[PDB]
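2 protein chains.
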Amino acid sequence: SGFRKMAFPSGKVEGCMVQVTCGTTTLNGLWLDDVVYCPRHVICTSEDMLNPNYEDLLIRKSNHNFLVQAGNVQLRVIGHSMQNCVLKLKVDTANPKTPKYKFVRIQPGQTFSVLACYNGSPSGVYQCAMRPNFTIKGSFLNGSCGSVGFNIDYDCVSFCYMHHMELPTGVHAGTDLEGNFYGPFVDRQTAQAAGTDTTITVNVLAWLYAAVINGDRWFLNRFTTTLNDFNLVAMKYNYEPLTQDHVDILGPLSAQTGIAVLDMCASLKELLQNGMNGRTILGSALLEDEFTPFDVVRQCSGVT
Amino acid sequence: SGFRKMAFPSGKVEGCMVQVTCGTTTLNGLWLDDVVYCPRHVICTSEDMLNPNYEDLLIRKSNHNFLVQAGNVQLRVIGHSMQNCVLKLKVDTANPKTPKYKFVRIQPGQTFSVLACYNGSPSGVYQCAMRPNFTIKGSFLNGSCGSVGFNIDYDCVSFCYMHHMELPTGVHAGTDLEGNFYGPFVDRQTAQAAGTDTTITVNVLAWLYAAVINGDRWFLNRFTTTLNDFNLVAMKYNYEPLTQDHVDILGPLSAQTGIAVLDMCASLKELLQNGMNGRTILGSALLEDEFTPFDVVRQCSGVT
Ligand SMILES: Cc1ccncc1NC(=O)Cc1cc(Cl)cc(O[C@@H]2CC(=O)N2)c1
Ligand SMILES: Cc1ccncc1NC(=O)Cc1cc(Cl)cc(O[C@@H]2CC(=O)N2)c1
Numbered sequence: 001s002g003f004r005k006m007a008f009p010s011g012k013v014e015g016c017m018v019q020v021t022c023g024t025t026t027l028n029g030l031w032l033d034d035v036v037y038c039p040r041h042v043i044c045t046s047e048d049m050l051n052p053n054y055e056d057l058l059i060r061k062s063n064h065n066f067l068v069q070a071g072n073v074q075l076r077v078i079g080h081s082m083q084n085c086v087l088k089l090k091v092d093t094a095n096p097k098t099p100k101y102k103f104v105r106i107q108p109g110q111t112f113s114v115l116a117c118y119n120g121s122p123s124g125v126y127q128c129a130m131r132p133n134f135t136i137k138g139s140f141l142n143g144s145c146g147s148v149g150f151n152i153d154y155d156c157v158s159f160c161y162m163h164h165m166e167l168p169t170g171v172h173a174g175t176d177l178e179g180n181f182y183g184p185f186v187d188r189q190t191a192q193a194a195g196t197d198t199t200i201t202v203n204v205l206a207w208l209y210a211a212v213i214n215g216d217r218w219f220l221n222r223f224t225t226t227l228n229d230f231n232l233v234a235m236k237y238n239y240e241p242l243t244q245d246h247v248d249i250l251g252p253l254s255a256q257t258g259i260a261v262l263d264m265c266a267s268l269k270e271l272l273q274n275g276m277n278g279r280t281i282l283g284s285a286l287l288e289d290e291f292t293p294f295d296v297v298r299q300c301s302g303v304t
Numbered sequence: 001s002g003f004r005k006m007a008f009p010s011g012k013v014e015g016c017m018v019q020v021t022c023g024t025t026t027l028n029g030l031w032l033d034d035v036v037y038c039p040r041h042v043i044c045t046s047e048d049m050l051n052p053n054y055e056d057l058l059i060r061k062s063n064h065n066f067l068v069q070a071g072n073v074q075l076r077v078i079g080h081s082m083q084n085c086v087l088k089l090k091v092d093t094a095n096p097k098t099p100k101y102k103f104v105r106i107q108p109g110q111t112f113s114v115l116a117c118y119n120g121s122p123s124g125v126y127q128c129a130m131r132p133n134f135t136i137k138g139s140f141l142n143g144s145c146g147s148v149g150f151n152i153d154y155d156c157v158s159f160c161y162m163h164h165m166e167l168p169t170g171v172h173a174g175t176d177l178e179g180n181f182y183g184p185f186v187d188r189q190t191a192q193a194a195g196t197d198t199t200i201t202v203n204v205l206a207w208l209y210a211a212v213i214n215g216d217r218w219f220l221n222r223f224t225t226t227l228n229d230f231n232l233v234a235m236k237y238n239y240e241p242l243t244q245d246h247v248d249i250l251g252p253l254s255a256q257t258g259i260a261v262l263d264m265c266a267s268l269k270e271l272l273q274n275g276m277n278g279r280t281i282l283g284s285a286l287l288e289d290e291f292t293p294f295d296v297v298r299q300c301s302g303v304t
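Going line by line, the protein sequences match chains A and A'. A prime marks a further copy of an entry chain. Each residue of the first sequence is one higher than the one before, starting from 1 at the first, in the authors' numbering. Each residue of the second sequence is one higher than the one before, starting from 1 at the first, in the authors' numbering.
Check each hint, because a few of them may be wrong.
Below, simulated EDC-like cross-link-like pairs (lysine to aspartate or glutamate); rule was C-alpha separation at most 20 angstroms, straight line [what the hints assert, rightly or not]:
#1 A:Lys100 <-> A':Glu290
#2 A':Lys137 <-> A:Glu14
#3 A:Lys97 <-> A':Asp155
#4 A':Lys97 <-> A:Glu14
#5 A:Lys137 <-> A':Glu290
#6 A':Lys97 <-> A:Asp155
#7 A':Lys100 <-> A:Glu14
#8 A:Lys137 <-> A':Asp155
#9 A:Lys97 <-> A':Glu14
Quick partial rundown of chain A residues pointing at chain A', CB under 10 angstroms, derived from the structure [claimed, not checked]:
#10 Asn65
#11 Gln69
#12 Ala94
#13 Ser123
#14 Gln127
#15 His172
#16 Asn214
#17 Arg298
DEER-style ranges, computed between Cβ atoms [stated by the list, open to error]:
#18 A':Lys97 <-> A:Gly278: 46 to 52 angstroms
#19 A':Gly79 <-> A:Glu178: 24 to 30 angstroms
#20 A:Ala260 <-> A':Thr93: 50 to 56 angstroms
#21 A':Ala191 <-> A:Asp34: 58 to 64 angstroms
#22 A:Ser46 <-> A':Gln256: 22 to 28 angstroms
Worth flagging that the hints you see were computed from the coordinates, not collected in a lab. The beta-carbon is built from N, C-alpha and C at its ideal position, and this holds for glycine as well.
Whenever a hint applies, use it, and build me the whole structure from the sequences.
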């Protein structure tokens with residue numbers, strides 16, 4: 001029993017973190033096989049960030065200008081290329097610590113662990129969700145660019161995020177490992193605003209199932225609702241519309257607790273309309289939406 | 001910017017997790033040098049847990065009855081001894097992955113990362129605090145016994161916790177790596193209750209400093225207070241009495257924000273007396289007490 005915002009063990013990812021320096025700028029790179037991936041804004045000076053032409057900027061750069069350092073050893077760069085917003089630095093040595101890996105583009109609402117790094121050194125690990133507005137509410141400072149987001153399936157690490165920038169709102173934006181930004185963000189120091197961030201309804205419900213499994217049942221009521229009636233309430237509170245696919249994904253949790261999804265929706269409806277009344281759920285005074293139904297099942301069953 | 005319940009990177013600890021089996025029971029062990037540490041209740045059957053005499057139970061056990069497995073390889077046990085509530089199984093092979101390590105007994109209010117494990121395999125990592133009542137609000141299931149709590153100082157891992165049991169209240173209890181339980185708990189399946197759990201005032205204040213550093217300043221008021229006046233309020237709300245040592249430890253955070261500790265105490269006083277009024281602080285609707293002043297400084301500065 002107990003329910004925590006749990007991250008994946010970070011060891012397989014620590015063994016991939018490297019430091020990439022280009023002139024004055026130092027950020028993190030991800031070393032898998034003989035390639036180091038990092039944000040392409042490593043080649044920019046503070047003046048270049050206002051309106052960078054990365055193709056022109058990369059032309060004034062050669063393999064020897066990219067300093068890659070893994071621990072205390074220098075990696076020799078034999079190739080460089082830009083793929084969307086990431087630079088791929090081909091090095092002469094394959095990472096002996098490269099785990100089984102995949103590059104995946106995650107969906108909004110899905111979760112992942114972040115290994116925050118500075119100077120190619122991991123400082124901490126936390127669990128995040130890709131927000132419906134394609135931002136992440138992370139914890140990153142200057143130097144954290146190149147820090148990655150990932151998931152682990154037994155021995156396979158799926159890299160899903162690379163940190164590039166913080167918006168003036170304090171939320172974070174970045175790319176998949178192919179350099180494509182999540183959301184409308186561009187790697188340029190210009191006013192960029194994150195759209196309306198909605199609450200991931202299927203995740204809140206999964207967390208309400210986690211609460212029931214862990215003894216917190218005060219919010220369970222004698223009511224039920226329908227998908228349409230619940231969604232009228234969800235829209236009012238800027239919650240993602242619940243679909244039959246979401247009801248389906250909640251299925252295993254509904255089967256374990258014996259509480260129909262629409263019955264849980266009715267509890268959520270009353271919690272939205274009436275608030276918590278000073279009460280808590282899993283030690284939280286607000287509705288948590290950063291646990292997918294998969295995270296709940298795996299934490300509440302014990303998947304290693 | 002951004003503030004998350006961040007855990008230490010777990011790689012150095014994953015390289016130490018092993019599986020210890022004794023008859024029917026399987027739990028986790030910690031392999032450092034040629035010694036595997038695990039909870040001594042691994043030798044108990046379900047009938048033994050009601051009133052175990054570990055000295056007598058250990059006498060019916062020989063080195064060959066303790067199955068230690070690191071990954072897919074079996075470790076040969078050449079010695080066994082009980083040190084308080086932990087068994088130390090001397091193996092013939094030193095862990096080639098043993099990091100620089102220390103065994104420390106942490107103080108209540110201090111934080112640490114937990115690497116939850118099952119069958120010697122890490123499943124997740126989260127940040128915890130040793131509660132003033134010496135319990136931890138963790139996330140552990142059956143098989144998680146032997147999972148450890150730790151801190152990292154650059155390259156040195158300080159092991160501070162080994163998970164042993166869950167209380168009927170859903171909170172967790174365990175020992176330091178010398179087998180001494182934190183709190184009055186005994187490793188016996190008998191009704192054990194955790195005393196009153198108070199809020200770690202110095203940690204809430206440190207988190208209020210983290211909030212100010214990250215833009216959340218709504219709670220800052222035009223008032224001040226004294227240590228004695230604040231502590232009258234803290235006692236009412238089951239908060240730890242704030243001492244001059246706590247004021248001292250808050251010093252670097254007070255210097256960064258330019259907000260005197262007693263001014264922050266006055267904001268906390270009003271938040272305790274009036275609540276949040278539907279507002280949030282660092283995305284939380286309640287006062288968070290699981291970040292020490294050290295955690296705040298290190299997260300808000302970027303210590304790797
Ligand atoms: C300092 C820090 C803290 C946490 N995480 C990241 C950083 N770094 C940056 O954000 C630097 C940067 C890189 C790019 Cl590619 C674009 C930038 O401008 C965006 C546009 C907008 O809004 N801000 C800024
Ligand atoms: C099942 C599980 C889930 C999470 N973490 C741990 C466990 N395991 C246990 O708790 C087994 C156990 C070991 C001991 Cl040494 C004493 C025990 O009785 C205490 C006394 C009281 O209260 N409960 C029970």
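Outcome of the hint check:
no. : hint                                      : verdict
1   : A:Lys100 <-> A':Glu290                    : 35 angstroms, violated
2   : A':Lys137 <-> A:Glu14                     : 27 angstroms, violated
3   : A:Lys97 <-> A':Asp155                     : 18 angstroms, holds
4   : A':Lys97 <-> A:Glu14                      : 14 angstroms, holds
5   : A:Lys137 <-> A':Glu290                    : 19 angstroms, holds
6   : A':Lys97 <-> A:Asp155                     : 18 angstroms, holds
7   : A':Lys100 <-> A:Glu14                     : 17 angstroms, holds
8   : A:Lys137 <-> A':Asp155                    : 28 angstroms, violated
9   : A:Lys97 <-> A':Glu14                      : 14 angstroms, holds
10  : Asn65                                     : 25 angstroms, violated
11  : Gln69                                     : 14 angstroms, violated
12  : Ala94                                     : 20 angstroms, violated
13  : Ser123                                    : 4 angstroms, holds
14  : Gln127                                    : 8 angstroms, holds
15  : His172                                    : 7 angstroms, holds
16  : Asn214                                    : 7 angstroms, holds
17  : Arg298                                    : 8 angstroms, holds
18  : A':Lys97 <-> A:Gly278: 46 to 52 angstroms : 48 angstroms, holds
19  : A':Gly79 <-> A:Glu178: 24 to 30 angstroms : 53 angstroms, violated
20  : A:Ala260 <-> A':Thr93: 50 to 56 angstroms : 53 angstroms, holds
21  : A':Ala191 <-> A:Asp34: 58 to 64 angstroms : 60 angstroms, holds
22  : A:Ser46 <-> A':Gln256: 22 to 28 angstroms : 24 angstroms, holds
Of the hints listed earlier, those the structure fails to meet are numbers 1, 2, 8, 10, 11, 12 and 19, in rising order.
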